[PDB]
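Let's start with one chain on its own, the form solved without the ligand, as structure tokens.
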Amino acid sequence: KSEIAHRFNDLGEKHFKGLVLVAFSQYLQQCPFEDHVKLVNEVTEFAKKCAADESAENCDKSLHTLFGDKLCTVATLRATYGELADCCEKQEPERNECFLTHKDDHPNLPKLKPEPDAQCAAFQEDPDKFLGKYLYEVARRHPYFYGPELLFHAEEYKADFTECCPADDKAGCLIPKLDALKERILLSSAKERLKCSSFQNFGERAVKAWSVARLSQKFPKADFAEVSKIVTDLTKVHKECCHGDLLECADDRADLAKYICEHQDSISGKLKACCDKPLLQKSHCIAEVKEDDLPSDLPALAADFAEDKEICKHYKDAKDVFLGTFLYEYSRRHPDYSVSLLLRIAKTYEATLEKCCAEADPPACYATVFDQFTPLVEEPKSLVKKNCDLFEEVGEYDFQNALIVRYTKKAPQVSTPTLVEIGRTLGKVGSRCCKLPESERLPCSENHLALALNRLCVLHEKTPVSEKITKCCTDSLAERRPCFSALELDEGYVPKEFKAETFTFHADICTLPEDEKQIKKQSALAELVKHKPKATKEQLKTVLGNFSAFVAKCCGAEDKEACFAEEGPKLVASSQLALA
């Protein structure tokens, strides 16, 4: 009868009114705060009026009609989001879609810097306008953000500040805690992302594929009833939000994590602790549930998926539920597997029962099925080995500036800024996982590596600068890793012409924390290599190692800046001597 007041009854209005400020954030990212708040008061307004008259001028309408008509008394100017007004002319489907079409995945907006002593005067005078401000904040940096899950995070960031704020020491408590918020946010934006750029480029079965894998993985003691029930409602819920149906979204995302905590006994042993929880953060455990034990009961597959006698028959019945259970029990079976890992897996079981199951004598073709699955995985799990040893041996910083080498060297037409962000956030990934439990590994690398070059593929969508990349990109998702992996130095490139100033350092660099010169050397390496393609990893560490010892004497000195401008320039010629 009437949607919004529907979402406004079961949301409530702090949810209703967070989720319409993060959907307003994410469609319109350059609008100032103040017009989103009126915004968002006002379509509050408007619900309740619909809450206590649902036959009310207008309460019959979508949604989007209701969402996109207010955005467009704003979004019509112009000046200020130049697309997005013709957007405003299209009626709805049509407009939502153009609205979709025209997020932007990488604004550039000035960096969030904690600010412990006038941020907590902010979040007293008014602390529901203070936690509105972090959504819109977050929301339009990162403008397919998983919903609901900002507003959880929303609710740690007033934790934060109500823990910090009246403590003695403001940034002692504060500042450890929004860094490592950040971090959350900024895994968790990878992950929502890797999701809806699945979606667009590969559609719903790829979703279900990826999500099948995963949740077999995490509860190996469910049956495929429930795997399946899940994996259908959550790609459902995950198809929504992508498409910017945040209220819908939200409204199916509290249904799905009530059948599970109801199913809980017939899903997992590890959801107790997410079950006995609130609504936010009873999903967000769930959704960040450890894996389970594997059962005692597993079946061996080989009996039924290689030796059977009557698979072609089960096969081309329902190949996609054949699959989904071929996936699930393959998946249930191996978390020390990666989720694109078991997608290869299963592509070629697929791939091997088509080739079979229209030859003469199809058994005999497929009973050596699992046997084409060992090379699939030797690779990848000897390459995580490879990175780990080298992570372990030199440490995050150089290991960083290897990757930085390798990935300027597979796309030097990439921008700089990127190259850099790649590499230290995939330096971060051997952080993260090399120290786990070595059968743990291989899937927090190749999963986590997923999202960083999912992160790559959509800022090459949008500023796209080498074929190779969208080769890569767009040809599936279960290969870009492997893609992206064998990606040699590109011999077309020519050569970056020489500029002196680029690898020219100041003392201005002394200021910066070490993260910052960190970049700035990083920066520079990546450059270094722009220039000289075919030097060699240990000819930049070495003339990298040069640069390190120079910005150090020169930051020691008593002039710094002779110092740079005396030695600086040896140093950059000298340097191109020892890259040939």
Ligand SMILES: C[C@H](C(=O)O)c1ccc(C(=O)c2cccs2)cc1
Contents of the next structure:
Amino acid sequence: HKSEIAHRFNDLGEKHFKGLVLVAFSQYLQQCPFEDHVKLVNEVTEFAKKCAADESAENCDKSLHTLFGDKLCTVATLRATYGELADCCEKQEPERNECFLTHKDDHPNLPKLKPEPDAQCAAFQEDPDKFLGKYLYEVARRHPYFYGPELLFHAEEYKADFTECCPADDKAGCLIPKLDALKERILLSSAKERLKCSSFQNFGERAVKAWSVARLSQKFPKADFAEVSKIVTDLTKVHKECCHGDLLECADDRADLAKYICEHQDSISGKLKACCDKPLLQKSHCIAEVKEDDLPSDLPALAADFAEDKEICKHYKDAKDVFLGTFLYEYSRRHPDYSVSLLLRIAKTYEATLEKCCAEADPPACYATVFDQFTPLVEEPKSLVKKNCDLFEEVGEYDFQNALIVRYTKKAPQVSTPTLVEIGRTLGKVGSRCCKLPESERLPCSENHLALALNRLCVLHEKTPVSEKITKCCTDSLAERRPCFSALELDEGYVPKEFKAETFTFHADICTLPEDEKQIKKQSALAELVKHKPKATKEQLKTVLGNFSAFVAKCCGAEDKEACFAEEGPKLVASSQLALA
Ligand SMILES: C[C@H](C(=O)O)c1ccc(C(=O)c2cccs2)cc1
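Switching conditions: you have the form solved without the ligand, so give me the form deposited with the ligand bound.
In what comes next, the whole complex appears, and the chain from above leads the way.
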């Protein structure tokens, strides 16, 4: 097709097309006003029409990028708002996108989205086309790497929830429990995808594909290796393009892969029938979040092929990754109770065992026990979520977050306090989700989500490196990240942060904050206590945070709030230093 833009226009349909365009734009330029973005969509949407009707027209034959980054450059206020971003335009393709992507902001500090059960149905009954378009703008900008097509699906979750209850009697009774749940689902999905792009960008395709083979195997244990290799190829391609901004090609390829899975669902999984009865974006969303299919009764003994087989080694020399992928698919198949990372770790301990036993040794008798050189690999993460869910159930989420903040702040006290507080709080939320689960579901729940939070840390740390040791965890190896982080401990050369009184001076302003905001204030206080007394025990810190918390609550109910803070503040600070000896 000589017009790649026409081709995508006819394939995708105007809405989704324009929808993917707004999102493409809200991601590349994140603090441009909304109707500013809207305009840009039309100017490209319009061009696609001329080609859809006549491909031979000039400029219809050029790359989507060409025809998109061109549109970015022309816009006004791009330099005075985004700065360095404006520099990328002298560049050409392929480097222009390269450069643009660089300047996507993973920590934008734009203000929260407040759920307004009265005041926001104003735009709902007013105009759908700008209430959905708003939300897509509003989420794309706070998540520059969000899975392009999954967003259009969330938007229609947004649409349908006001539907059920905007003029309804008890407004925020039906609504706010929904938008809240949703808010969560966005952040998780954003974290899942950020990790897919983070892996392309740090470790290349080979890492994404092993991850997928592992994960689709667990999901579709009934499919066979060539069904799975097939889907993994198409699916990796789809995410490679999404992470590179080519949303249009990303969505088209996604539709085709949904179409494929649905046509062959009978040899993939019986969990797919429900997905396959749906409209497009629901169908794609549904496939991507499908539950793991039941294991097949005929599952063969792993032992023969990979333990008791007489000749495993020529297979290697000739079939390098191909043979490994086989192991990975067969192991992952019957272990829905392992995290993806644990599986890749085992698969590295086959490409490991197999090098020793076969080459420069006599294979069959020493590797006939390889399956037990994994039980250490398994016991470790099991003990770990054991401890941490014991701790969690014992003390609860806020105090679990507090512990992780302390734990992580000793590991890397050089990291800024907002980041420490974010990872601490994110890790604690994992505890909520993953510890209640049947205890065969919590290792994969926990460690898979741990992968997301850690990757978030690593992305922040990519923006502002402060510790060579973090850098080693984030970049040495994908499969080993969590182990690496578990190994960090307080640097014995660390010099405690010089004590700053201002840093624990509270005022009556903290009384108006919503509670999530009060907690962060406290939890930051907590990181800062650690950064200044890094050797204090978790038990001591708990006491001192107890006292700061009582002091806040007390004074926030005082008549002279501010003279309360004035008079009690400093006493506490002096008394706190002695307590943290
Ligand atoms: C990597 C870090 C560590 O131990 O250094 C860590 C390891 C494991 C966990 C952990 O198991 C959980 C948090 C929430 C539910 S389970 C939390 C943090």
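Residue numbers count along the first chain shown, from 1. Rigid core: the largest C-alpha set superposing within 1.5 Å between the two forms.
Chemist: Report the residue, chosen from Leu294, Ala159, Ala367, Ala273, for which the CA moves 2 Å or more between these two forms after the rigid core is overlaid.
Modeler: Of all the options, the C-alpha that shifts by at least 2 Å belongs to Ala367.
Chemist: Classify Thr76 as shifted (yes) or not shifted (no) between these two forms, where shifted means its C-alpha moves by 2 Å or more with the rigid core superposed.
Modeler: Result for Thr76: yes, a 2 Å-plus shift.
Chemist: When you overlay the rigid core, is the Cα of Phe202 off by 2 Å or more between these two forms?
Modeler: It does not reach a 2 Å shift.
Chemist: Spell out whether the Cα of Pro335 moves at least 2 Å between these two forms when the two forms are superposed on their rigid core.
Modeler: Moves: no, less than 2 Å.
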